[PDB]
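Other chains dropped; remaining ones untouched in position.
As written, the chains take the letters A and B, and residue 1 is the first residue of each chain.
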Amino acid sequence: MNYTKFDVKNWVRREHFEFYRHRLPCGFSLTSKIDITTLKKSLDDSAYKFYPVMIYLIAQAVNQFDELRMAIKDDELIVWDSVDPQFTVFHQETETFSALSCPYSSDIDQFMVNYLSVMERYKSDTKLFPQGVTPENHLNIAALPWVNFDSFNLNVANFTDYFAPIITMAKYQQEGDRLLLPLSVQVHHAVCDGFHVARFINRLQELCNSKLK
Amino acid sequence: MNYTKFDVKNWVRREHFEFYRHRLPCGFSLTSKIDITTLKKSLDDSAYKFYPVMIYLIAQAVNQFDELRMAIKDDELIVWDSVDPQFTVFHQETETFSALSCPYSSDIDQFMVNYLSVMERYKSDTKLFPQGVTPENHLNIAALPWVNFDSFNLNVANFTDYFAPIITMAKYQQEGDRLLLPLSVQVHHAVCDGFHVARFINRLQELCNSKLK
């Protein structure tokens, strides 16, 4: 299948996993500022657009780390081989959003073909989930482009066993020499530590700072 | 009455409303910095005081948007025609707070008469709710004037169907050329999207930037 059954008895965080999944169920959010000065220059010298690039770069970082691709399936801890981004789409006419997903690809050009195509087919589709059920192997990416925020947190009544990372971006802004993007990351404590979140962000910063292709 | 029964079957966010009210109950908070450089100048050239002005400006923005005045009454979704601010009051002697409310008025001078009068009557009243029950048509405004914060979030055990926006301000501070006020907004996802929150903040920023009268 497109996942592997994870070895829970020989894993180093096995005590942690049960602690934060059942004894003390919890998660955490942290918002950090990502330096997008270099990425703006690269976007500038290409035909790619900001949102799709951020989706692609977020999914790329997510797909490099096992702990951000965890889930429970048939009462077992699995690791997705790969995850596809589920992102929000604003409808300026209705002032409502839809949530769309498209296959992740390592090739940035193929990713762009996927995004545009799905963006093509459901552009004016105001259902909350135009495509139907959300793929099991997903990551959530949202965007708040109209306002800059220093912090964002989702207060959820019931989060038992939902391990997919929640990522939210705000409007970027010039802070002296740098163009900074606020990025909120919300994770479940059973599968992720502060280290795992820092790693992802640091990795995401690297990617912003590198050639697109 | 002072409210209108909202048309839920012909509303564009009807799927959203049920999704986030029952399938996935949740809310979110975001803290943004409001530029109060212009407002400080206007306060300077008047006799008005900062807290009352912020209460008045917050209630004014809130009263312009339907989605921030929503509630459930007799198991139905209503929109308040208008809402009155319920704000916190610090008692320096006891080191405790009370929560007071006063009628909103479009006329800033009449608002000030209301605030001073209620502030007059319950100045030394250390009950948590001096006035009695909190009016159904309300908004919550709190202030933390002793410390600046980049983020604030209320972790509530049970928030089912409480749709009134929660607004919290921190101590303002000079960030170069600007006087910035941290403002945390906490809302329920059933009635508000990220767009609706951005709109409010952008509108609030406009108001700070305009004549008081």
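Throughout what follows, a residue touches a chain if its C-beta (ideal position, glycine included) is under 8 Å from a C-beta of that chain, and two chains touch if they have at least 3 such contacts.
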| item | value |
| --- | --- |
| Copy count of the single sequence across the entire complex, 2 present | 3 |
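The criterion applied here is as follows: only the chains that are shown with their structure count from here on.
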| item | value |
| --- | --- |
| Subunit A and subunit B, separation of their C-alpha mean positions in angstrom | 31 |
| Footprint of subunit B on subunit A - complex, ascending | 31, 90, 94-97, 126-128, 142-144, 146-158, 168, 170 |
| Residues of subunit B touching subunit A in the complex | 12-13, 15-16, 19, 24-33, 150-156, 159-160, 182, 184, 186, 193-195, 197-199, 201-202 |
